[PDB]
Amino acid sequence: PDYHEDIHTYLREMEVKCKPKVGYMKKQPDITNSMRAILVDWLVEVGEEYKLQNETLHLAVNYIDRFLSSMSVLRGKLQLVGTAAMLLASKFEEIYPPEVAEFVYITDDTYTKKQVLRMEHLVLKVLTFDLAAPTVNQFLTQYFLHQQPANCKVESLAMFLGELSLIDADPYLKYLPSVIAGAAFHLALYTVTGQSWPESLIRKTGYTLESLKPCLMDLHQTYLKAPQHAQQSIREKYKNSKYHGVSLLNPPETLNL
Amino acid sequence: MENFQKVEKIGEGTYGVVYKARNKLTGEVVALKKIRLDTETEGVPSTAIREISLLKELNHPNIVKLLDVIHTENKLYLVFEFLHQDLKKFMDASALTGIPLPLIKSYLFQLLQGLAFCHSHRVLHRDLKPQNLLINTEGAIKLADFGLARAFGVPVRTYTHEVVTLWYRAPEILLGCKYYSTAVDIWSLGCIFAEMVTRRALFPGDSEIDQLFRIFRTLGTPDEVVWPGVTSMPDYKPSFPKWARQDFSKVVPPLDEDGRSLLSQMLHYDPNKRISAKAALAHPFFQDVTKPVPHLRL
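Each protein sequence line maps, in turn, to chains B and A. With the first sequence counted from 1, adding 175 to any position gets you PDB author numbering. Under PDB author numbering, the residue at position 118 of the second sequence is numbered 118, and the numbers go up by one with no gaps.
To be clear, the hints were calculated from the coordinates, so they are not data collected in a lab. Check before you lean on any hint, since a few could be wrong.
Below, simulated DSS-like cross-link-like pairs (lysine-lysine); rule was C-alpha separation at most 30 Å, straight line [said to hold, decoys possible]:
1. B:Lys379 <-> A:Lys278
2. B:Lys417 <-> A:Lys56
3. A:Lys178 <-> A:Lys75
4. A:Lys65 <-> B:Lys300
5. B:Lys288 <-> A:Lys75
6. B:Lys288 <-> B:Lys412
7. A:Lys88 <-> B:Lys300
8. A:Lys6 <-> B:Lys300
9. A:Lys178 <-> B:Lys412
10. B:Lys289 <-> A:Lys278
11. B:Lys288 <-> A:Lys273
12. A:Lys56 <-> B:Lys379
13. B:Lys226 <-> A:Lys178
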């Protein structure tokens, strides 16, 4: 707690300096939001298959969006960007990463070791080694302390909603990680407990319920539409009992804001 | 790399080798870490990935400045500010006379300032021991070697193979806690503080269990009153001998009451109750702190 406020302040500074270009997919000649959505969904599977943390997946996505913010990428190389990003994120966050051979194997050998490594080096150059990016998880972790009491279903559900925001560059690129986390948390807390974004967290973040509204409205819509959504790996992941079945919970029909 | 002149080898170090070098254009004296690639296979080592990405966010006078990273196809180089030597070599050289108390105080004060800054920037060092603490002739001391450092925006899990040497290892870890916390860094600083003071390692264990029992003989075997949870921890055995807390006047004779107080709080058993770097700096023991200059032999 001495340093907890300072961590939060600093993560707020840093999340602004690792923000992707919000408009980047429009300037990107051979790729789209839906190609991105596929890749990320696959990264979720890859993370499930190798038992990676959730933070690892959130970092990789941040890396990928920063790289595409300043590099043109053809379609057939997008997955190589994604793979190297996952590999990098593993080396940063995992206790020990899977081996490169695995990351080659998970591509159906559509690339080679040489290519994955050469891309690792490229992502590192393009991100200037700035790998320690704030994620919505880091912010949820911090918010979870303001529960009275802790409620493991609220936690699991916030993380689920958070993880959904990864998939859809429209609209989730326009929101900072701290704001997505703010919404995800309020929405989970309402769905599970019927409470709202608490006064303590307003004081901590400066974010009012008003401020989170655009993100909430979008997040709610995503939650409502999640089972029709084209990529499902996350809804799958979070029907498990690890996450208290929260992907099966029925969203409210209104938020009454 | 063409602008750098090898001066001399200064360590084999967290793989591969570390050279003193001179920039031929600016005259800046520098330390170089050479990583081969090779690697062996497997790309940029995880350890260098963390070291670079964390240490480049950590600009502070008590933290060894990372100056540059030169990334070839076939070789990777970290360039650091240069400092003449480590605390281990200096304690060693100071065996006969001892390190004067006011310089002990300066150093510990400085280490806590570096470490507070790490902690406020969500970095755990995890490998604080005297050879990873670097000093100069002007009387500064800096934290170095961030090979094992970790960001803790989300909790950091414990791992049998990536852990400080035994002597500076916190009791949490020896007892099998699942998460690291900032307190492990304070523990290590506590051990080092006492070592500067007494000239003797505080807990020099031959093994995990020996390390634990040495800790236990000095501070007493912890029980549930002192440290809620301790019995339920994975590597807690109820067969543990129940020793009693030695008199602190006898474990660090040279220290006054302020010094004993601070050390007691740095060696608190329960990680939540162990003093923080930030609170440590406000301890009365630093009331009168100064910045002496050591006598370095080199």
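Hint by hint, here is what the structure shows:
no., hint, result
1, B:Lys379 <-> A:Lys278, "20 Å, holds"
2, B:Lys417 <-> A:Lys56, "36 Å, violated"
3, A:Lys178 <-> A:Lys75, "36 Å, violated"
4, A:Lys65 <-> B:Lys300, "20 Å, holds"
5, B:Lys288 <-> A:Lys75, "17 Å, holds"
6, B:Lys288 <-> B:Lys412, "29 Å, holds"
7, A:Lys88 <-> B:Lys300, "36 Å, violated"
8, A:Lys6 <-> B:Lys300, "26 Å, holds"
9, A:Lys178 <-> B:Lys412, "24 Å, holds"
10, B:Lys289 <-> A:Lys278, "46 Å, violated"
11, B:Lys288 <-> A:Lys273, "48 Å, violated"
12, A:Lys56 <-> B:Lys379, "27 Å, holds"
13, B:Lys226 <-> A:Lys178, "17 Å, holds"
Going down the numbered hints, you'll see the structure goes against 2, 3, 7, 10, 11, while the others check out.
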